[PDB]
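Novice: Here is how the chains run, residue by residue.
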Amino acid sequence: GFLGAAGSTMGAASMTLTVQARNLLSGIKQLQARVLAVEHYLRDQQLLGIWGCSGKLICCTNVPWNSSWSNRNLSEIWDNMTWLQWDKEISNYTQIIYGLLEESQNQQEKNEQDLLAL
Amino acid sequence: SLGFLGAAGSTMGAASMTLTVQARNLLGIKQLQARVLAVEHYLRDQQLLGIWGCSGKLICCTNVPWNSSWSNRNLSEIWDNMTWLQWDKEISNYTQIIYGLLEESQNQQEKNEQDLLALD
Amino acid sequence: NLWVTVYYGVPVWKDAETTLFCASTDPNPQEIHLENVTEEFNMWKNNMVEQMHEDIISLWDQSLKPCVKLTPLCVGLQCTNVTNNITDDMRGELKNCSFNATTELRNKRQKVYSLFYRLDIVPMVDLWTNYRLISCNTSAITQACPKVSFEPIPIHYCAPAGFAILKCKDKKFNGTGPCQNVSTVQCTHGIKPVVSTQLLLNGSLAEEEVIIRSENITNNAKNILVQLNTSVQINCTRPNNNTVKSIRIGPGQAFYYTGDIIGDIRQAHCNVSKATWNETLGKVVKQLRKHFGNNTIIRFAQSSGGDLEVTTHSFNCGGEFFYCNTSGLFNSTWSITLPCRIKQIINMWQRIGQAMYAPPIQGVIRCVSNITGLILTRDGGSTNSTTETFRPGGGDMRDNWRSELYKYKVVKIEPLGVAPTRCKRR
Amino acid sequence: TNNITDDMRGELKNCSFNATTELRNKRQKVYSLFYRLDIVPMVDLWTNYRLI
Ligand SMILES: *[C@@H]1O[C@H](CO)[C@@H](O[C@@H]2O[C@H](CO)[C@@H](O[C@@H]3O[C@H](CO)[C@@H](O)[C@H](O)[C@@H]3O)[C@H](O)[C@H]2NC(C)=O)[C@H](O)[C@H]1NC(C)=O
Ligand SMILES: *[C@@H]1O[C@H](CO)[C@@H](O[C@@H]2O[C@H](CO)[C@@H](O)[C@H](O)[C@H]2NC(C)=O)[C@H](O)[C@H]1NC(C)=O
Ligand SMILES: *[C@@H]1O[C@H](CO)[C@@H](O[C@@H]2O[C@H](CO)[C@@H](O)[C@H](O)[C@H]2NC(C)=O)[C@H](O)[C@H]1NC(C)=O
Ligand SMILES: *[C@@H]1O[C@H](CO)[C@@H](O[C@@H]2O[C@H](CO)[C@@H](O)[C@H](O)[C@H]2NC(C)=O)[C@H](O)[C@H]1NC(C)=O
Ligand SMILES: *[C@@H]1O[C@H](CO)[C@@H](O)[C@H](O)[C@H]1NC(C)=O
Ligand SMILES: *[C@@H]1O[C@H](CO)[C@@H](O)[C@H](O)[C@H]1NC(C)=O
Ligand SMILES: *[C@@H]1O[C@H](CO)[C@@H](O)[C@H](O)[C@H]1NC(C)=O
Ligand SMILES: *[C@@H]1O[C@H](CO)[C@@H](O)[C@H](O)[C@H]1NC(C)=O
Ligand SMILES: *[C@@H]1O[C@H](CO)[C@@H](O)[C@H](O)[C@H]1NC(C)=O
Ligand SMILES: *[C@@H]1O[C@H](CO)[C@@H](O)[C@H](O)[C@H]1NC(C)=O
Ligand SMILES: *[C@@H]1O[C@H](CO)[C@@H](O)[C@H](O)[C@H]1NC(C)=O
Ligand SMILES: *[C@@H]1O[C@H](CO)[C@@H](O)[C@H](O)[C@H]1NC(C)=O
Ligand SMILES: *[C@@H]1O[C@H](CO)[C@@H](O)[C@H](O)[C@H]1NC(C)=O
Ligand SMILES: *[C@@H]1O[C@H](CO)[C@@H](O)[C@H](O)[C@H]1NC(C)=O
Ligand SMILES: *[C@@H]1O[C@H](CO)[C@@H](O)[C@H](O)[C@H]1NC(C)=O
Ligand SMILES: *[C@@H]1O[C@H](CO)[C@@H](O)[C@H](O)[C@H]1NC(C)=O
Ligand SMILES: *[C@@H]1O[C@H](CO)[C@@H](O)[C@H](O)[C@H]1NC(C)=O
Ligand SMILES: *[C@@H]1O[C@H](CO)[C@@H](O)[C@H](O)[C@H]1NC(C)=O
Ligand SMILES: *[C@@H]1O[C@H](CO)[C@@H](O)[C@H](O)[C@H]1NC(C)=O
Ligand SMILES: *[C@@H]1O[C@H](CO)[C@@H](O)[C@H](O)[C@H]1NC(C)=O
Ligand SMILES: *[C@@H]1O[C@H](CO)[C@@H](O)[C@H](O)[C@H]1NC(C)=O
Ligand SMILES: *[C@@H]1O[C@H](CO)[C@@H](O)[C@H](O)[C@H]1NC(C)=O
Ligand SMILES: *[C@@H]1O[C@H](CO)[C@@H](O)[C@H](O)[C@H]1NC(C)=O
Ligand SMILES: *[C@@H]1O[C@H](CO)[C@@H](O)[C@H](O)[C@H]1NC(C)=O
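Chains as they are written, first to last, in the numbering used here: chain F, 1 to 118; chain Y, 1 to 120; chain W, 1 to 426; chain C, 1 to 52.
If you are wondering where the hints come from, they were derived from the structure by calculation, not from laboratory data.
A couple of the hints might just be wrong.
As the list claims (entries may be wrong) - 30 Å max Cα-Cα, derived DSSO-like pairs, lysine-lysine:
{"no.": "1", "chain 1": "W", "residue 1": "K111", "chain 2": "C", "residue 2": "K26"}
{"no.": "2", "chain 1": "Y", "residue 1": "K30", "chain 2": "W", "residue 2": "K245"}
{"no.": "3", "chain 1": "Y", "residue 1": "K89", "chain 2": "W", "residue 2": "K172"}
{"no.": "4", "chain 1": "W", "residue 1": "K69", "chain 2": "Y", "residue 2": "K89"}
{"no.": "5", "chain 1": "W", "residue 1": "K111", "chain 2": "W", "residue 2": "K245"}
{"no.": "6", "chain 1": "W", "residue 1": "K69", "chain 2": "C", "residue 2": "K29"}
{"no.": "7", "chain 1": "W", "residue 1": "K69", "chain 2": "C", "residue 2": "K13"}
{"no.": "8", "chain 1": "W", "residue 1": "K69", "chain 2": "W", "residue 2": "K45"}
{"no.": "9", "chain 1": "F", "residue 1": "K110", "chain 2": "W", "residue 2": "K424"}
{"no.": "10", "chain 1": "W", "residue 1": "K412", "chain 2": "Y", "residue 2": "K89"}
{"no.": "11", "chain 1": "F", "residue 1": "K56", "chain 2": "Y", "residue 2": "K30"}
{"no.": "12", "chain 1": "W", "residue 1": "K167", "chain 2": "Y", "residue 2": "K30"}
{"no.": "13", "chain 1": "F", "residue 1": "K29", "chain 2": "W", "residue 2": "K245"}
{"no.": "14", "chain 1": "W", "residue 1": "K424", "chain 2": "Y", "residue 2": "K111"}
{"no.": "15", "chain 1": "Y", "residue 1": "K30", "chain 2": "F", "residue 2": "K29"}
{"no.": "16", "chain 1": "W", "residue 1": "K108", "chain 2": "F", "residue 2": "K56"}
{"no.": "17", "chain 1": "C", "residue 1": "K26", "chain 2": "W", "residue 2": "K95"}
{"no.": "18", "chain 1": "W", "residue 1": "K171", "chain 2": "W", "residue 2": "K222"}
{"no.": "19", "chain 1": "Y", "residue 1": "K30", "chain 2": "F", "residue 2": "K110"}
{"no.": "20", "chain 1": "C", "residue 1": "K26", "chain 2": "W", "residue 2": "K65"}
{"no.": "21", "chain 1": "W", "residue 1": "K147", "chain 2": "F", "residue 2": "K29"}
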């Protein structure tokens, strides 16, 4: 169910991404609410697009993980944490991570542009 | 680091490095009309890229060859010696032909890929 | 050899007209200077002026809806002379008018007595009455709410996402043509919607010199907007200790009127210095000579007659609409005190059907105010460019707001583009 | 009062009333021609009809 995996561990909650999806899109106040929901959805989709993750729910990237963001191992991160606690732990670095993700895509397309130019 | 449209007066080969800066800045009745028209312009541009098979990309290479009748210039003068505004003015009223060719090329590519993926 | 490559996020734009946001919603400003650009501006084709005009009209009309109507006060008046001490110049200007006003009770009237300015009443002959309110034979009169102020508050116009505003920073920019020092903003600076008819008050000053702007400098049917580089201060006062009284005219309708004047009555005057005004007019004439013959005599004259709202120079000092007489200001050929008349029933802009009543404010009203520009009109080349005569003519209010929006242009962003590359998809 | 044909008898009436003016405390006597279908009889003094 919607947000049912919020209290589950991240390893289990990552398999319900399509359940959390679809609930993002569906007298002046109702129209403002609809426009706001559409605007937030499109901002998130554009943010994925500029990272090279468009059309995917689980997108792997080329940005290495910095141990200063979190020094936990994968077993502790994925089996002993929920997404809410993880989101709280690394919120102070989230925008930095986003910037790095954007930069990686800026390089990646240029490399592809060169590889297809041979 | 230059900011929104900061590269507008730079050359095409330099301004092409700041596409994400422009992309991130594209998103009571009058206020709703302004927000809905901004959303519609964004969605029409995204649908048009999708029709061309360029969804999810900012720099999208295609299979449409360049016609010398659209702009009889070499890459050095186009990319290193002129801006995107001058280019946009130069190829005005040629963009609809290019868009039609891109649409047809993507339709042919989708049929070819479907037929290639239909081989056992 | 070369292939079409599609780019999204291209830093290009087209001229466009769109809906702008009014912020005041306090924005966080940003400004990005555009290096190596040239953009063609035209301040007389700028849709931002029409949109600002429509927004000010709509805000004005909305502000007067939840306010007291003066429909029950459209009655005959019995007017006599004011018994206080007046000068010769103010004889007949102010009248003491008595009338029967309604009360909260439907079947109980009340005798009242109120001072009115002569401009706010019109003769009407009856057995027991002499005058009526000027607007009652044309339109309903709505009282402005005393809790709502008139004073300009600077506002910002902001483009929606997908659009941007270009700002021209060039010195000596005449309002049209190319501009090289161009920057991109999301919101304009704070622009005061100052209401005036002949002089531009509390506006922007030119950075370098006096700038003369005209849609067609050889067409005498167009107004000439002069922006000064130095301000000229105006000290305006109504030296009358007005005592304001009020009566209840309906269940929720309270009406405010002039009760009395404490002490002697003296006229309402604005003082402009003479040294700085003479220097200002010398600068304006020197700049005018660059658009006419160098040996042509340039003379200033009084405005033409007809439509007092245009022939005089309006403000909104305090809360009371002055109407000063610039005839003693422009009477020169190339201090000073200006008799100002006061009205309370104001038909603003050029509209007919919406009359607003400005209630008086108790005490004296004095305000000091920066003159930042002028509106001049030419009489016409009747002498074949031998001598030219300029007058402080009026115009639509758009010309004042255009005098602030001349630096801004709205452009639509076109993120898509195509270009040849050697990059082939496969 | 006019050269009225048989078909128009009783269909148009010449009516007078006290109307207000632009001034609250003034009144004017106004007459006009109304169609019978716009008027309903009323029994009162110094009047015999009202508008529907
Ligand atoms: C041009 O700008 C000047 C400077 O802001 C304006 O004058 C100022 O106007 C304000 C607002 O009306 C005055 O404040 C008022 O002061 C009285 C004092 O009794 C008070 O009762 C009011 O409630 C309000 O606080 C202020 O005194 C005044 N200052 C100066 C130095 O003049 C001027 O009105 C503007 N002109 C136009 C045409 O908009
Ligand atoms: C305006 O007229 C009113 C009368 O309609 C004046 O009020 C009278 O003023 C005299 C002054 O000697 C008093 O003795 C009376 O008792 C007042 N009568 C009322 C009903 O108030 C008023 O003073 C006049 N104002 C001016 C400025 O001339
Ligand atoms: C205000 O109301 C008073 C009520 O007394 C009016 O005075 C009377 O008016 C009638 C006609 O309306 C006259 O016949 C009376 O002789 C008046 N009485 C007196 C004592 O003068 C007064 O005229 C009204 N004022 C206005 C301006 O309408
Ligand atoms: C409707 O009635 C009014 C008054 O009853 C008429 O007006 C009068 O008409 C006569 C001519 O018959 C004139 O001599 C009077 O001077 C008029 N009086 C006024 C006050 O106007 C009117 O003519 C009638 N109209 C019709 C069509 O019968
Ligand atoms: C909650 O924790 C318990 C601990 O044993 C676990 O069994 C259960 O599955 C958890 N809830 C969800 C929804 O995963
Ligand atoms: C990790 O982060 C620190 C500061 O948070 C930074 O100095 C370091 O360079 C980062 N790691 C890498 C590999 O760049
Ligand atoms: C992860 O780190 C924790 C530290 O509390 C440790 O107890 C755990 O054994 C580690 N897991 C692995 C797989 O090394
Ligand atoms: C994030 O920063 C705030 C203050 O900048 C601090 O109070 C908070 O603890 C930080 N979060 C983490 C997870 O360290
Ligand atoms: C403007 O042109 C000069 C000419 O060489 C160039 O050096 C400069 O980088 C250009 N401006 C930008 C923003 O690229
Ligand atoms: C495009 O190229 C073809 C040949 O490749 C040419 O015949 C055609 O005229 C060109 N397009 C235009 C608009 O001239
Ligand atoms: C491109 O064409 C222009 C046109 O004269 C020429 O000056 C320039 O040298 C050319 N560059 C290349 C790389 O062919
Ligand atoms: C097509 O674009 C070119 C680019 O300059 C322009 O010269 C030409 O006039 C345009 N065609 C028409 C029919 O306007
Ligand atoms: C008021 O007095 C002036 C002269 O002081 C006179 O001209 C005017 O007619 C007077 N008005 C009335 C209504 O008595
Ligand atoms: C109202 O009265 C004034 C008094 O001069 C007059 O000029 C104006 O035309 C009148 N209004 C109408 C609609 O007749
Ligand atoms: C402004 O100055 C430019 C300078 O060339 C000129 O071309 C243009 O006509 C001028 N416009 C006005 C309105 O004076
Ligand atoms: C543009 O105007 C600003 C205003 O301060 C100035 O600082 C800047 O140097 C100007 N730009 C150029 C290129 O002269
Ligand atoms: C305004 O312009 C005049 C033109 O002569 C000049 O002398 C004066 O210094 C200027 N003032 C400022 C503050 O720029
Ligand atoms: C508009 O400006 C042009 C510029 O010379 C002038 O010839 C023309 O007469 C002007 N228009 C009018 C109506 O005078
Ligand atoms: C009057 O005007 C002068 C010059 O305009 C100004 O400097 C002065 O402060 C003003 N004084 C008063 C009392 O308004
Ligand atoms: C305007 O000038 C007159 C002339 O004496 C003076 O009495 C008055 O105080 C001045 N007004 C201001 C606001 O200084
Ligand atoms: C201003 O004063 C002059 C003095 O001669 C006068 O002729 C003119 O009519 C006055 N202005 C107005 C609008 O009455
Ligand atoms: C007007 O006179 C009254 C007398 O009670 C006084 O209290 C008030 O302060 C005066 N107002 C002015 C502006 O002089
Ligand atoms: C008027 O001009 C003076 C001149 O320095 C300036 O300091 C003052 O702030 C200006 N006032 C307004 C209200 O613009
Ligand atoms: C007026 O018209 C009615 C319509 O039926 C008629 O009955 C009546 O007799 C008429 N009266 C006169 C006086 O003509």
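Novice: Now, for every hint given, state plainly whether the structure supports it.
Specialist: How the hints compare with the structure:
1. This hinted pair checks out: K111 (chain W) and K26 (chain C) have alpha carbons roughly 17 Å apart, not beyond 30 Å.
2. Between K30 (chain Y) and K245 (chain W) the alpha-carbon distance is near 41 Å, which puts this suggested pair outside the 30 Å criterion.
3. The straight-line distance between the Cα atoms of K89 (chain Y) and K172 (chain W) is roughly 28 Å, inside the 30 Å bound, and the hint therefore holds.
4. The suggested pairing of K69 (chain W) with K89 (chain Y) is violated, with an alpha-carbon distance near 57 Å, which exceeds 30 Å.
5. A distance of roughly 14 Å separates the Cα atoms of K111 (chain W) and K245 (chain W); the hinted pair therefore holds under the 30 Å criterion.
6. Of the supplied pair hints, the one linking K69 (chain W) and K29 (chain C) holds, its CA atoms being roughly 27 Å apart against a limit of 30 Å.
7. Annotation: proposed proximity of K69 (chain W) to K13 (chain C) is violated, straight-line Cα distance about 37 Å (limit 30 Å).
8. Between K69 (chain W) and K45 (chain W), the direct Cα distance comes to roughly 39 Å. Violation of the 30 Å bound is thereby established for this hinted pair.
9. For the suggested pair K110 (chain F) and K424 (chain W), the alpha carbons sit about 13 Å apart, so the restraint of at most 30 Å is met.
10. Taken as a hint, the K412 (chain W) and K89 (chain Y) pair is honoured in the structure, with Cα atoms around 15 Å apart against an allowance of 30 Å.
11. Between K56 (chain F) and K30 (chain Y) the alpha-carbon distance is near 35 Å, which puts this suggested pair outside the 30 Å criterion.
12. For the hint pairing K167 (chain W) with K30 (chain Y), the CA-to-CA distance comes to about 24 Å; that is within 30 Å, so the pair holds.
13. Distance restraint check for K29 (chain F) and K245 (chain W): the Cα-Cα separation of roughly 43 Å exceeds the 30 Å cut-off, and the hinted pair is therefore not satisfied.
14. Annotation: proposed proximity of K424 (chain W) to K111 (chain Y) holds, straight-line Cα distance about 18 Å (limit 30 Å).
15. For the suggested pair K30 (chain Y) and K29 (chain F), the alpha carbons sit about 14 Å apart, so the restraint of at most 30 Å is met.
16. Note on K108 (chain W) and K56 (chain F): the hinted pairing is violated, with a Cα-Cα distance of about 78 Å set against a maximum of 30 Å.
17. Taking the CA atoms of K26 (chain C) and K95 (chain W), the gap is near 22 Å; set against the 30 Å cutoff, the hint holds.
18. Among the hinted pairs, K171 (chain W) with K222 (chain W) is consistent with the structure: their alpha-carbon atoms are about 24 Å apart, no more than 30 Å.
19. Our distance criterion of 30 Å between C-alpha atoms is broken by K30 (chain Y) and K110 (chain F), whose separation comes to about 41 Å.
20. Distance hint between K26 (chain C) and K65 (chain W) is fulfilled; the C-alpha atoms sit about 27 Å from each other, no more than 30 Å.
21. Proximity of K147 (chain W) to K29 (chain F) is assessed by CA-CA distance (about 29 Å); at most 30 Å being required, the pair is judged to hold.
When each numbered hint is compared with the structure, violations occur for hints 2, 4, 7, 8, 11, 13, 16, 19.
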